[PDB]
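*Asks:* Each chain, written out:
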Amino acid sequence: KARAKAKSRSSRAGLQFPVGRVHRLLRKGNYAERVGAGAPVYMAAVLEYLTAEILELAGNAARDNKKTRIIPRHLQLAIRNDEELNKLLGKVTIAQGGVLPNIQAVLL
Amino acid sequence: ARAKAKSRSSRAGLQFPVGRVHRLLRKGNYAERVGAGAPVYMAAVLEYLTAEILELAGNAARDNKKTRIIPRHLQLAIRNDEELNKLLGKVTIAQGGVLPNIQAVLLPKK
Amino acid sequence: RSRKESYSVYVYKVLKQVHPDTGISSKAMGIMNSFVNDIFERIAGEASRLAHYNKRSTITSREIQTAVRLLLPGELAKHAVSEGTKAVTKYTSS
Amino acid sequence: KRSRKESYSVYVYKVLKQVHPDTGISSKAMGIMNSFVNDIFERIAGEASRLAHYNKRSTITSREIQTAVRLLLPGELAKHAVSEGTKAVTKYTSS
Amino acid sequence: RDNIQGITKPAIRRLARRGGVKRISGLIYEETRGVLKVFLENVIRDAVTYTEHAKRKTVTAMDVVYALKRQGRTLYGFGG
Amino acid sequence: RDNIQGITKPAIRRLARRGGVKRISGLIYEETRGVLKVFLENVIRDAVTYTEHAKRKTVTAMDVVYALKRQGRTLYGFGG
Amino acid sequence: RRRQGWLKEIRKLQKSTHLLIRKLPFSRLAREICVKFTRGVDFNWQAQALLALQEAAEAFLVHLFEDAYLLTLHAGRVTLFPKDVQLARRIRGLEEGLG
Amino acid sequence: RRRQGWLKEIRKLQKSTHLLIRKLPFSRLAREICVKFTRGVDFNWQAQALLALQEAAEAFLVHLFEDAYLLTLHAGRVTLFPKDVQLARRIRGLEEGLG
DNA sequence: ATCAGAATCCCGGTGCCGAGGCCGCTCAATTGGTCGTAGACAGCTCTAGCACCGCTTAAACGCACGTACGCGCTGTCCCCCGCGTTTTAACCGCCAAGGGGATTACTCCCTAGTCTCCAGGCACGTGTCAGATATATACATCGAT
DNA sequence: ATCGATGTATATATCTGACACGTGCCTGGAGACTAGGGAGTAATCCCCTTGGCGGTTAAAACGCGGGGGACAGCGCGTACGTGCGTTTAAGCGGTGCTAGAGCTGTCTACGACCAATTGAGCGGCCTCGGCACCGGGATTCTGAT
Numbered sequence: 003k004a005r006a007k008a009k010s011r012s013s014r015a016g017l018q019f020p021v022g023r024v025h026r027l028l029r030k031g032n033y034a035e036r037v038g039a040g041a042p043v044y045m046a047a048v049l050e051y052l053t054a055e056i057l058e059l060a061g062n063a064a065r066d067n068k069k070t071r072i073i074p075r076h077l078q079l080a081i082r083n084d085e086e087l088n089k090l091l092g093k094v095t096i097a098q099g100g101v102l103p104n105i106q107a108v109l110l
Numbered sequence: 006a007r008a009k010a011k012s013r014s015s016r017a018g019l020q021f022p023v024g025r026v027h028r029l030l031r032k033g034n035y036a037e038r039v040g041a042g043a044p045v046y047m048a049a050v051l052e053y054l055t056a057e058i059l060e061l062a063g064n065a066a067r068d069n070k071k072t073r074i075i076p077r078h079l080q081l082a083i084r085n086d087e088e089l090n091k092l093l094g095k096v097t098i099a100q101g102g103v104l105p106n107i108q109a110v111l112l113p114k115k
Numbered sequence: 007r008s009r010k011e012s013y014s015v016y017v018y019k020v021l022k023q024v025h026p027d028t029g030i031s032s033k034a035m036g037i038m039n040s041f042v043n044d045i046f047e048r049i050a051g052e053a054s055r056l057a058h059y060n061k062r063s064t065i066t067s068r069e070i071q072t073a074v075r076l077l078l079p080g081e082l083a084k085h086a087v088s089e090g091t092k093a094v095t096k097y098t099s100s
Numbered sequence: 067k068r069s070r071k072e073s074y075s076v077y078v079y080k081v082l083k084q085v086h087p088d089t090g091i092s093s094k095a096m097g098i099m100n101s102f103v104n105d106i107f108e109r110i111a112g113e114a115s116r117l118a119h120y121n122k123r124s125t126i127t128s129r130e131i132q133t134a135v136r137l138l139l140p141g142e143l144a145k146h147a148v149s150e151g152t153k154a155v156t157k158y159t160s161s
Numbered sequence: 173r174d175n176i177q178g179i180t181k182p183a184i185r186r187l188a189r190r191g192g193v194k195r196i197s198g199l200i201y202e203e204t205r206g207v208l209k210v211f212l213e214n215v216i217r218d219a220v221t222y223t224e225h226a227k228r229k230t231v232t233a234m235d236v237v238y239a240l241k242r243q244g245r246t247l248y249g250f251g252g
Numbered sequence: 173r174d175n176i177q178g179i180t181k182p183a184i185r186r187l188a189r190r191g192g193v194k195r196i197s198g199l200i201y202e203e204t205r206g207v208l209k210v211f212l213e214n215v216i217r218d219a220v221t222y223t224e225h226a227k228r229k230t231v232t233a234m235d236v237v238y239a240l241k242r243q244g245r246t247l248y249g250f251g252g
Numbered sequence: 008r009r010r011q012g013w014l015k016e017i018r019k020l021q022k023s024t025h026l027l028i029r030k031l032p033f034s035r036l037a038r039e040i041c042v043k044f045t046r047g048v049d050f051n052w053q054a055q056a057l058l059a060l061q062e063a064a065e066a067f068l069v070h071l072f073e074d075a076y077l078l079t080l081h082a083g084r085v086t087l088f089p090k091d092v093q094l095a096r097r098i099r100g101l102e103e104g105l106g
Numbered sequence: 008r009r010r011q012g013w014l015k016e017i018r019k020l021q022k023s024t025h026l027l028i029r030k031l032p033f034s035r036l037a038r039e040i041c042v043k044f045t046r047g048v049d050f051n052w053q054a055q056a057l058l059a060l061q062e063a064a065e066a067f068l069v070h071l072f073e074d075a076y077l078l079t080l081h082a083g084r085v086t087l088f089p090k091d092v093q094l095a096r097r098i099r100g101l102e103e104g105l106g
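Protein chains in written order, with my numbering: chain U, 3 to 110; chain G, 6 to 115; chain F, 7 to 100; chain Z, 67 to 161; chain R, 173 to 252; chain S, 173 to 252; chain E, 8 to 106; chain W, 8 to 106.
Worth flagging that the hints you see were computed from the coordinates, not collected in a lab. For every residue, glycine included, the Cβ atom is placed at its ideal position computed from N, Cα and C. Be a bit skeptical, because a hint or two may be false.
What the hints assert, rightly or not - Using C-beta positions, here's what the derived DEER-type ranges look like:
#: 1; chain 1: R; residue 1: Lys181; chain 2: W; residue 2: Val42; range: 57 to 67 Å
#: 2; chain 1: F; residue 1: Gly80; chain 2: G; residue 2: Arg73; range: 41 to 51 Å
#: 3; chain 1: S; residue 1: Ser197; chain 2: F; residue 2: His58; range: 40 to 50 Å
#: 4; chain 1: R; residue 1: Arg195; chain 2: F; residue 2: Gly80; range: 35 to 45 Å
#: 5; chain 1: Z; residue 1: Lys153; chain 2: G; residue 2: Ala6; range: 34 to 44 Å
#: 6; chain 1: G; residue 1: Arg31; chain 2: Z; residue 2: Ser69; range: 36 to 46 Å
#: 7; chain 1: E; residue 1: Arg97; chain 2: G; residue 2: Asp68; range: 19 to 29 Å
#: 8; chain 1: R; residue 1: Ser197; chain 2: E; residue 2: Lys19; range: 17 to 27 Å
#: 9; chain 1: F; residue 1: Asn43; chain 2: Z; residue 2: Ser75; range: 35 to 45 Å
#: 10; chain 1: R; residue 1: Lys229; chain 2: Z; residue 2: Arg123; range: 16 to 26 Å
#: 11; chain 1: G; residue 1: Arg73; chain 2: W; residue 2: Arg18; range: 22 to 32 Å
Claimed, not checked - Simulated crosslink set (DSS-like; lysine-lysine; CA at most 25 Å straight-line):
#: 12; chain 1: G; residue 1: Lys11; chain 2: Z; residue 2: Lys80
#: 13; chain 1: F; residue 1: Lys61; chain 2: U; residue 2: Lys93
#: 14; chain 1: R; residue 1: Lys227; chain 2: F; residue 2: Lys10
#: 15; chain 1: Z; residue 1: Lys94; chain 2: Z; residue 2: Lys122
#: 16; chain 1: W; residue 1: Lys15; chain 2: G; residue 2: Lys71
As the list claims (entries may be wrong) - A short list of chain U residues far from chain W (calculated; beta carbon distances all over 12 Å):
#: 17; residue: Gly31
#: 18; residue: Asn32
#: 19; residue: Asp66
#: 20; residue: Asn83
#: 21; residue: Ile105
Using the sequences and the hints, build the whole thing.
*Replies:* Below, the structure written as structure tokens:
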């Protein structure tokens, strides 16, 4: 009737990350007294960019292993093979992960 | 008409102001409700920590023949005691030099 | 009963857009899920500290903008700012 | 006109003149004590807030601050702090 | 058989082979067991206090991951 | 005379003498000036970002203390 | 005729990802350590928490051994000595080494 | 008439409390670094900000030099080399050492 | 064996400026009621964690041994420090100007909050294929001659 | 100064369990509207930062000469990797048991909120003493004597 057909706010942003769930978590997160309207959309864009870039590195790392399904080994190799992410994710330890294939320079 | 206003610190018998700590917790957005005994506990913890650092600082100042605390004595007092050092290792102290020390191999003869 | 909300399905959709035929196991999906929660908590901490330092009560888009500029290093943050601008310019319409 | 600009200076004066009667303090050391107490306050309050959020409670009560103070300061320092906090709440709940 | 020797000599040798260590002194086992013991005491005390707050009697994955978060080494893959 | 040349070589040797260093290589000066430049670059970048959010044009002491607080080296003695 | 065979082991362990310590020594060591802080009461353990503990501890020890091996290589040595791991623990972050 | 005098210098400087690097070159260095981020607009500086910057930078550099001194001592030398300070900056990590 | 000289430390004397005390004030802490909801608590139901046991086998272990490597030592040469001289820029004091930080008033838009409705995401199944393992084939790499 | 045994990499078969997809559902997101206060913006004051000038003087710079220490190399001994045979304990299946985790329902103590009051604490100002500095005397290391 008089109620319009519901558009999700993610569809208004053209993004995939859930805007409404993030709005609820900012309301119960209690970081700030009030929650502005454009701020969860901006944050959602930031997460979409981060997940897209990390998944792109993970997909190329999966193509190097000739596998089409992502294992944590692919994330570990994708994360430490990018220096700007290495500054981002240096301090996190990744579960089910190995280390880089790095043998020290005295090989002979 | 009503009773005489007593500070809540006098109800706890403490020197750090519970009322100001309550005002800081209410405007600090940490939680929506604040329990009654939590600022009292905070006043106790801050009172003891200040007493610890001031006791070490007063002994450190009396060791340097001085009766008025300069930041040098605070730095020396904090870093000599291991237990506080572990807490305060991550904090730089302004006007603070490093502990008077030298590695033992550099001292050649005794 | 318990809902146990996770970002799994959104990770699946963005994965489907960037790489069509690539799948994901459950442990790597959990890795992505806790990763998204962690970067969320850091950005919320930056917004909380900056909102309290400057005596503002609300987080607007400018606060998140300077927060993402502060926490992520280098050009990754700049392109994230570009993504946010393209988000906000389409959010305010319709 | 100027703002009030509240601080922690006078309590450092009272606790200093109680623990040590004859000892003074400079203004730069007073400012360093002020920033110290604000920093350790922010860590303890952030610890209690995160821990209260993790277990899906919404109130900060004295138990959350108790587990927070045992968690953050290392060793017997925290043990004595627990003792003083219990003695303080023991006095406070009387009235 | 005491329990600190359950962390065997070939296991620590394998950990060093992951670390790029080519040759290994024989005195390293006692010290490496020492640092592993101090690390485990540090994490287990904090995780047990996180369990003690919730009035529970079982260490769950959430409390061990929070205790690792308070030492500054966050762990992914087990909840947030 | 470049702007990093205001950091004189007796001053860098004075920093080394505070550090317990007996002898100092002649090559240390360039790298020490470089590490000073990169450290100051990262801190000044953080503080100027904090200034630009507040719509002010002057780096006050509060910006330097917050900018150092977010890199894990909090400084006491200049306000909270 | 054996020349060197450690190279296959190091590259095989850096291309494998499995856990390096057996689950039971880590389990009973963890329970003996946990009863020492909770004043004698016995605790139960979820399996995923204990597995996560082993993943974090093994990653941390691997990073500590790479750090001490850089300290060995800097002083002109080639075998890993205990003074190197001691100096590595001191030069690491004071908070990170011991809480 | 030549005697070694480093011991009186190290004993005198480690009990000092004043700022040890000259103030004004540090000031113009901070201004010339600052002009590279605000796109040529001249920013002003309060004095207490530059004083705090000097305090943090000097304590950090002293901590870095003592730890790199532990590295140079470890190799049996007594002189501090650039490879030691570079290795110590790597071993402190990516967040505290490089930035 | 032994101390002149320089250096270090300690002590007496002088001066100054920042600490600590005092006073007015204002707004924040306190008090007293009031109202609503988080959580304490009792209880009940059920998963999963611990305990036990057999069985197998891969992994741990001890020893013998050859040899790679740490370490003391030595010689060589190089580069850094102490000292002396000349130059320079930081520093201190003074002063002016103006950008901008800080405050107040005024206004209005944005967001908290309420209520209804519906659809996205989650629990639960389910069918099928990528990855794991075994097997065969060949390439490279080290060893033999 | 070339060829052969074998470790090492890769293609092929053949499955399973986890994975990606389908289905019912319920609760959380969305729509519309109202109220109130956070904050945006303009105007103004003054402050304190920047800029500049003159002189000082201690610090920087540079050069020179001497010697402490870095580094390459050699011999020795010790301790470590590797191989082989023995053991043992970890892991996997299989059952069973119950403490305690999780949910639900009730209620009350406890905490949010507002208005009047007053005093604790804060800004401004003043005074004298802890401390900074200098000078003289006892103490202490170096390295010639």
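*Asks:* Give a verdict on every hint.
*Replies:* Hint check results:
Checked against the given bound of 57 to 67 Å, the beta carbons of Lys181/R and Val42/W, roughly 59 Å apart, stay inside it. Distance hint for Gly80/F and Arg73/G: a CB-CB separation of about 48 Å, consistent with the stated range 41 to 51 Å. Distance hint for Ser197/S and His58/F: a CB-CB separation of about 47 Å, consistent with the stated range 40 to 50 Å. A hinted range of 35 to 45 Å holds for the C-beta pair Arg195/R and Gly80/F, which are about 39 Å apart.
For the pair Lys153/Z and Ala6/G, the supplied restraint of 34 to 44 Å holds, since their beta-carbon distance comes to about 35 Å. Evaluation of the 36 to 46 Å hint for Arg31/G and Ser69/Z yields a failure: the beta carbon distance comes to about 19 Å. Between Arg97/E and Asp68/G the CB atoms are about 27 Å apart, so this pair conforms to the stated range of 19 to 29 Å. Our hint of 17 to 27 Å for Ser197/R and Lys19/E holds, since their Cβ atoms are close to 23 Å apart.
The hinted window of 35 to 45 Å between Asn43/F and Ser75/Z holds, with their beta carbons roughly 41 Å apart. A hinted range of 16 to 26 Å for the beta carbons of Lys229/R and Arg123/Z is consistent with their spacing of about 18 Å. In this structure the supplied range 22 to 32 Å holds for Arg73/G paired with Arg18/W, their Cβ-Cβ distance being about 25 Å. Only pairs whose Cα atoms come within 25 Å are accepted, and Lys11/G paired with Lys80/Z is accepted, the gap being roughly 19 Å.
This hinted pair does not check out: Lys61/F and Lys93/U have alpha carbons roughly 31 Å apart, beyond 25 Å. Pair hint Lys227/R plus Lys10/F holds up; C-alpha atoms about 22 Å apart against a cutoff of 25 Å. This hinted pair does not check out: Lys94/Z and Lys122/Z have alpha carbons roughly 42 Å apart, beyond 25 Å. Distance check on the hinted pair: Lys15/W and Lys71/G sit about 24 Å apart at the alpha-carbon level, within 25 Å; holds.
The beta carbon of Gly31/U is kept farther than 12 Å from every beta carbon of chain W, the shortest such distance being approximately 25 Å. No beta-carbon of chain W is positioned within 12 Å of the beta-carbon of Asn32/U; the least distance is around 27 Å. Non-interface call for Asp66/U relative to chain W: holds, since the shortest CB-CB distance, roughly 24 Å, exceeds 12 Å. Non-interface status of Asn83/U relative to chain W is upheld: no Cβ of that chain comes within 12 Å, the nearest being about 15 Å off.
For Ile105/U, the non-interface assignment is confirmed: its Cβ lies about 17 Å from the closest Cβ of chain W, beyond the 12 Å cut-off.
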